[PDB]
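Whenever a hint applies, use it, and build me the whole structure from the sequences.
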Amino acid sequence: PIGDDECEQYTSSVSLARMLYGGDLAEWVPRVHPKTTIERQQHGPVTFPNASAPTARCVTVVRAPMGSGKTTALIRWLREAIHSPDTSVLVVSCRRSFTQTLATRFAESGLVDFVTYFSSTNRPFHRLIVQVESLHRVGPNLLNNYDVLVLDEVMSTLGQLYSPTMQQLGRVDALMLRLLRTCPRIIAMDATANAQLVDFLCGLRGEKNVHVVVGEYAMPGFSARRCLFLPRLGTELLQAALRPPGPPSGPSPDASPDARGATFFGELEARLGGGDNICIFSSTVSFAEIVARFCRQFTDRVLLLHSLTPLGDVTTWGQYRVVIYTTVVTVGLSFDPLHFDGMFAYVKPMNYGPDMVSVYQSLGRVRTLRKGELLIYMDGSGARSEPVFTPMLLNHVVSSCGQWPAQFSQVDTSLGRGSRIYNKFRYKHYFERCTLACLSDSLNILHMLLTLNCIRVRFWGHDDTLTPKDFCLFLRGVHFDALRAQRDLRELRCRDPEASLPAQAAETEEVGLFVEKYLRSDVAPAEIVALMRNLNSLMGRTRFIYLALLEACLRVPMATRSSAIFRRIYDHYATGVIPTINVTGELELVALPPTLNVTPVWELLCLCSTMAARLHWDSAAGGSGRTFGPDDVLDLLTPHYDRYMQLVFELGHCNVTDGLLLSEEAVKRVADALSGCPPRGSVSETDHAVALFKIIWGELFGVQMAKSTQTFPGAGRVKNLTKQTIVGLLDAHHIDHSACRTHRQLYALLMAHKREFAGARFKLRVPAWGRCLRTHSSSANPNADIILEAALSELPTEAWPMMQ
Amino acid sequence: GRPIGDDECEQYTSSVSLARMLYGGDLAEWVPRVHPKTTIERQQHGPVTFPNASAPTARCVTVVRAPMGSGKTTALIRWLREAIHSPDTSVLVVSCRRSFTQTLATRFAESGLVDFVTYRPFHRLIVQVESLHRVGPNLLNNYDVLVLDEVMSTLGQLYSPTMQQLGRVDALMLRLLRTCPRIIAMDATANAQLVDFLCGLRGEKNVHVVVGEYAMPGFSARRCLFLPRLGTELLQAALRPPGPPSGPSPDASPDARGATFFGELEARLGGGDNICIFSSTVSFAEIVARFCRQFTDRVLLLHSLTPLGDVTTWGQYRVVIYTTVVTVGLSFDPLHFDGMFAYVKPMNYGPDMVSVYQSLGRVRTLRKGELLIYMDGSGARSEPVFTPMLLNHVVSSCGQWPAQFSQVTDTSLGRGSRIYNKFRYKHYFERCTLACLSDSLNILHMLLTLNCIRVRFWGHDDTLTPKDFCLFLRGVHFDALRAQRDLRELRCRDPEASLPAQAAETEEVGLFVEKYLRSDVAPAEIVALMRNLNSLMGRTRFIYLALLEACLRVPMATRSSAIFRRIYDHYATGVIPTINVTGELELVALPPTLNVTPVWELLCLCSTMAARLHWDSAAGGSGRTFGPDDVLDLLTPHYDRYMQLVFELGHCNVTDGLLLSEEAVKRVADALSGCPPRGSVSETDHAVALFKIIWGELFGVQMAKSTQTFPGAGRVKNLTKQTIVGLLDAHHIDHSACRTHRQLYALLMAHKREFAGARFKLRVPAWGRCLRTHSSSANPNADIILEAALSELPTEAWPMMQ
DNA sequence: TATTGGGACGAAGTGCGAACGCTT
DNA sequence: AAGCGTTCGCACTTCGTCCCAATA
Ligand SMILES: Nc1ncnc2c1ncn2[C@@H]1O[C@H](COP(=O)(O)OP(=O)(O)OP(O)(O)=S)[C@@H](O)[C@H]1O
Ligand SMILES: Nc1ncnc2c1ncn2[C@@H]1O[C@H](COP(=O)(O)OP(=O)(O)OP(O)(O)=S)[C@@H](O)[C@H]1O
Ligand SMILES: [Mg+2]
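In order, the protein sequence lines correspond to chains A and B.
Residues 18 to 139, 145 to 433, 451 to 843 (the authors' numbering) make up the first sequence, in order.
Residues 16 to 134, 145 to 434, 451 to 843 (the authors' numbering) make up the second sequence, in order.
Hints are not guaranteed to be accurate.
[Said to hold, decoys possible] Heads up, simulated DMTMM-like pairs for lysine to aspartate or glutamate below, C-alpha to C-alpha not over 20 Å straight-line:
id	chain 1	residue 1	chain 2	residue 2
1	A	556	B	229
2	B	802	B	657
3	A	793	A	770
4	A	393	A	358
5	B	556	A	546
6	B	393	B	322
7	A	556	B	610
8	B	463	A	833
9	B	393	B	358
10	A	556	B	724
11	A	508	A	408
12	A	556	B	671
13	A	463	B	610
14	B	733	B	671
15	B	556	A	408
16	A	556	B	363
17	B	556	A	828
18	B	556	A	358
19	A	556	B	681
20	B	556	A	833
21	A	556	A	546
22	A	508	A	837
23	A	508	B	681
24	B	393	B	451
None of these hints come from the bench; they were simulated from the model.
Take a look at the structure:
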């Protein structure tokens, strides 16, 4: 059955997909803002207003397809809008492609230059072209006046702000809100400019001054393209091909009438066998490596491009007969020649993957396809949840003046925030990442982005039109016909020498969720696989979890003091599930068991956190920032020396071998290590203290007390002596001082006296992995875990059994 | 011996100096240093008395930091009879404590038309500040005179978990402070940050400060003595069971530093004295009662679960043990008690040293002027909180406080606006210092000393150097480490009494109440929950029910797998307390399941059908009636997967952990086996047979047959709004008679026989009704902060385009 | 059969003259 | 605008772990 809800749910899903990308702009703008005029340009390349006459409005905002001549229309308009040779202008881009292109492509203008590296002068800057992420180092030189302003891919330009790669955001936001107050004329343009951008520009220069252009033409490469969403993956034809041949008789009994739906690997076979040239988008690497291993049976001259392969220019694609690629082509350049006969795409919505806008910008990287084909498969395994674009959202968004909620719905404890610019467009980054949780919604977003570029999207069977029934009956197929095939992509998965294990590991959800919690977000997958290989062994798990608790008790200093708070930290970091790679190269989950009595662990991190602070510990910076002699080690331990001796002894043979950290192997290592320690009083304190220090750091956390070459103490080498830091090394050792004021002479004094600073020194070095945990210095955008640590350090423990 | 040197002198010197600055021990030193224009006076003889209210020298706003026991309210009577002229003059008096709401309206005889808290004409009104959200919007906008009695307590109850309309009560208080011309404020621990806040809003020249230095004999001129030893070796010999008393031992031969609590108690109680005993914990109050019962029969106990007696009931008894209940009751005035003992214990979920201080002053005058205090540091082992790094940062910055221990700045919770933000530091350092014994001890030593009482530590008759304090401190830390063993082999042993007070003191149980439950709960209903929670089925039903409510609070969790791992790992893993059948408390682990999809796919179904109902586990089960007509409409929209999961969960190949455990999967398979196949049976009757197993086995919530005469509300003794007219046209026929709601009910009394059908409601069992749920209201814990994060932050792409 | 002592190479620092930034 | 306070390119080497080949 249809189930009643599906008419309302489909029609809501399609309507919000249309609204978020501005598919309704020709109806909404003349209804809600009568003082704004709107242009529809229904044929031929786009054209802007008159570039010189006084009758044109000063703010014009353009929604116009990918591949419709927009750079040519901007060239035609900018050469006029620069009114005089003294007129000065600024151009902003999100994408790298225009920073290289526009400065090279403008021939109708002079003194134009790309992003600033070495031209710094003091100030001359006009006709500057910039990547928005780099704007912070250029801002002071702009002098805060321009006569003309241009934004292309403006929803990407205001969309870069949400990405973790932008830094010093608030000061760049405060500059963006300085240009945009219509000191210049403004032109703003995108393929998906929307109602909320037209509204926001009214909020900077009023309804009277805003003009809207809507383009509905795109080049033959797109307007003749005939996308088709297939019903079934066809892995049974893959298993007959990529594997060695099956038995001479007894094939699979299912799907004998083709299951009345053409299949991706079935259709791919025909074009490669017919001698066509072809190209293959793949949103995940694990399928890219599989379809490479398939294609070499039909045509040996395959190419494969993904984020761990080396740099290769798009001009090289003329030689190869199959080119396979992932979303790395977004930051590349268009393939302008005519070569490929058609195109295939495996799109897979998943929680840590690409947005459907990022897929659409990658499909468009080959311009003309000779037959006009394109076949897309949407793999619904891993995205089969209840929808996000509900009729409960539609009624709210359509009753309001087109304004969206800032969360999943209306509301309230929240972060500090940027300006009106950052907060106005936060709704779009939210729903671009929520909708990946559903295969409908994701399919209706992708279906919109294609249908806004004239691409005649079709399903299987339904050559022309679909009712709500026809659509809902289609997804009851691809939800099941994908899931029952998914097991094949575990058997076929690469264990050959070509296998990109660092890429195929990181693709999983379980690794994504570990990287979010424990590590720095900028780690290379190659260093995660060096870590996850250690965390398989029970000793390796133990050291990593002790070192994660040491870092947390430095970040949250209240954890060293209240026992109630340390239970909340221990339950969050040192319990649950981790991913690990076993001796075979397969990836397996491991459960970390809880412990009832955390007291023996807490007393030992409580006595190590104060001994780490005093050595300027930061595991992201390699280890201890300060060198110590053996006498300094004695001075670290001496205040609590008998208590270090007690707690190192107790963990050798605890009452119960509970949880992870007091497990049977973990207790044995410390009991073993105590056999090599000199007995108390048999050797000098400066020796016994070193012998105990090396055991408590060495077995629990794994960190070595290495020698170091530093010819003066503290953090600084001889290259970084300063007029301040010299004096501390004149006070100690009582050097004669009374020197000449000039630092050249203070250096020459110590380089004569350097023999005073002979003698042994040590430094703590962290073990190769573990140099990538999120330490106290390693700042990043807030995740849910950084919020929880900010909660523990700010809210006090309020009393329970109360007189009200 | 043990080394001390001078390394630890900064710890004491910082600790004592920060304690001083928090409670205002440096008014009339800091004021000339930082605000020279503000006038200051010292009163050192007899009662305090405020400046004349009638003269031209009646400047603006006055703040008073007079001791307890120095005549605050009588000096206010003198000042207010000079401040009130003609009856048209306008006044308001604010109190935090209940005691003045009863007292002042009864005690004022020099004035008329005065009244206590309200249950347009309003003047001479006296109010509890916890009523200000009801009272405030009914008041006139400005008054000629304003009294803030116990001001630091008045804007102190403002931080209470049960406070209402906080975002407007901050603004109401600010409006009164901004434009009332004459104001007086009177807390015995007023401080420099209240001086600064009023100097900010009214100007440095305007404010005047009164500092009291004398308090009446007996009331606040005792001889407080701290003792170094509890003396439990005497206790466990004294509480010897029947038979022989047993012989002495040579371990008693040491000097015991010359004094012990149980020794100095016994020597006076045997010597004929009548003795109160305060105890911060009930588990010690119930022991020291038994130690007196063998010496005399006239022994009371008054802990928080007993019926509260009026203090005139005391004075019959030889002993009257009590525990912080007297925070909200009247003070005992008669000269009955010879002396008094206290046991104070810093605890992370216990009462703070200012709440302990005003519990010791609830007995007023003593026949020999003595008071002996023991600080049990056994659960305050930790490193100091009042560090020199905090002292330097505060003292360098004009004495401004940082309001968190990190000294660093981003959750903008901001429930108030300005008063809430200015004073937030005080509640934070009042709770944090209970983590440590030295810092709790130096606060309590200050609060006694800044109220005239001479404080001594036993054996140090003249004065303490930092080293002398550090010797006494490490001593009493060792005493409480040893003596705590005796207090565990001794116990109440449950004479059919006080299990909830013995349970509730445990820090493991506080952690359970703040994570899962409503903070409204009494100890009595925690015990019967934790006693159920010991059974393996009980603890499985509880955690399925806790997860169902989180799936209604966070609506992304029912649709993102990455989000449901954050919720599952938090509400369904880790350690919980339980009560064993033996009558003792035991911790039990919830082990981490590797694969959660079998659970997520079930909650994803239950939290959609629970939203077709109005499910609300604190208010009932279902807020809505339903029947076998409706149950078909619950199951049939998504039936293709409901058919599998309840059967398949009973037949899984492997058992990852609790929610899929060997006991649970057999139990659900056995229960489900009574369901027919889809053949030779009614679809509705098959549907409801399945429905009772899904809800009944896994969540523990049964059906009950409807007593409602109509759908929704349907009692007939009295009518309720819209419940008749909202059904009167639902039968698709017109009555045309009348529109007045009440008398129309007779029309539905015809329809009752054709509205009829089999109708039911889900109901939550007696243990389940104290969960924190989506309909509830409370102040933010770390967990409500987390659920705001999971719902408001989207999930970023990780293997990124680097 | 008997088990370890010698060689390679990552990686963090030495020390000369110098470069950048600044204000006589 | 010459003297001058942080910071460094380059050629050199010292520490510790990996590995193997020559003994037994
Ligand atoms: N590097 C280039 N060389 C030549 N023409 C280019 C180049 N980059 C862009 N174009 C122009 O781009 C037009 C395609 O339509 P447009 O809407 O202008 O594409 P666009 O929005 O610039 O897309 P891209 O992704 O930036 S090429 C072509 O007709 C070209 O004239
Ligand atoms: N509860 C009370 N019972 C009797 N007299 C009281 C009481 N409270 C105040 N007084 C009178 O006011 C003075 C004592 O008040 P203080 O101890 O200085 O401060 P207070 O806060 O008013 O006392 P409390 O807290 O109300 S017991 C004496 O003159 C008493 O006669
Ligand atoms: Mg463009």
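Hint check:
1. Taking the CA atoms of residue 556(A) and residue 229(B), the gap is near 51 Å; set against the 20 Å cutoff, the hint is violated.
2. Between residue 802(B) and residue 657(B) the CA atoms are separated by roughly 12 Å; this keeps the pair inside 20 Å, and the hint holds.
3. Between residue 793(A) and residue 770(A), the direct Cα distance comes to roughly 14 Å. Compliance with the 20 Å bound is thereby established for this hinted pair.
4. Pair hint residue 393(A) plus residue 358(A) holds up; C-alpha atoms about 16 Å apart against a cutoff of 20 Å.
5. Distance hint between residue 556(B) and residue 546(A) is unfulfilled; the C-alpha atoms sit about 34 Å from each other, more than 20 Å.
6. Annotation: proposed proximity of residue 393(B) to residue 322(B) is violated, straight-line Cα distance about 23 Å (limit 20 Å).
7. For the hint pairing residue 556(A) with residue 610(B), the CA-to-CA distance comes to about 13 Å; that is within 20 Å, so the pair holds.
8. The suggested pairing of residue 463(B) with residue 833(A) holds, with an alpha-carbon distance near 15 Å, which does not exceed 20 Å.
9. Straight-line distance between C-alpha atoms of residue 393(B) and residue 358(B) comes to about 15 Å, which keeps the hinted pair within the 20 Å bound.
10. This hinted pair does not check out: residue 556(A) and residue 724(B) have alpha carbons roughly 48 Å apart, beyond 20 Å.
11. For a cut-off of 20 Å, the pair hint linking residue 508(A) to residue 408(A) stands: about 18 Å separates their Cα positions.
12. Distance check on the hinted pair: residue 556(A) and residue 671(B) sit about 44 Å apart at the alpha-carbon level, beyond 20 Å; violated.
13. About 34 Å separates the Cα atoms of residue 463(A) and residue 610(B), which puts this hinted pair outside 20 Å; it is violated.
14. Distance restraint check for residue 733(B) and residue 671(B): the Cα-Cα separation of roughly 14 Å lies within the 20 Å cut-off, and the hinted pair is therefore satisfied.
15. Note on residue 556(B) and residue 408(A): the hinted pairing is violated, with a Cα-Cα distance of about 28 Å set against a maximum of 20 Å.
16. Between residue 556(A) and residue 363(B) the alpha-carbon distance is near 61 Å, which puts this suggested pair outside the 20 Å criterion.
17. With a CA separation close to 16 Å, the supplied pair residue 556(B) and residue 828(A) stays within the 20 Å bound.
18. Taking the CA atoms of residue 556(B) and residue 358(A), the gap is about 60 Å. The hint is violated against a cut of 20 Å.
19. A hinted pair counts as satisfied when its Cα atoms are at most 20 Å apart, and residue 556(A) with residue 681(B) does not qualify at roughly 36 Å.
20. Between residue 556(B) and residue 833(A) the alpha-carbon distance is near 17 Å, which keeps this suggested pair within the 20 Å criterion.
21. For a cut-off of 20 Å, the pair hint linking residue 556(A) to residue 546(A) stands: about 16 Å separates their Cα positions.
22. Distance check on the hinted pair: residue 508(A) and residue 837(A) sit about 56 Å apart at the alpha-carbon level, beyond 20 Å; violated.
23. A C-alpha spacing of about 18 Å is found between residue 508(A) and residue 681(B), which places the hinted pair at or below 20 Å, so the restraint holds.
24. For the hint linking residue 393(B) to residue 451(B), the alpha-carbon distance of about 55 Å lies beyond 20 Å, and the restraint is violated.
Hints 1, 5, 6, 10, 12, 13, 15, 16, 18, 19, 22, 24 from the earlier list are contradicted by this structure; the remaining hints agree with it.
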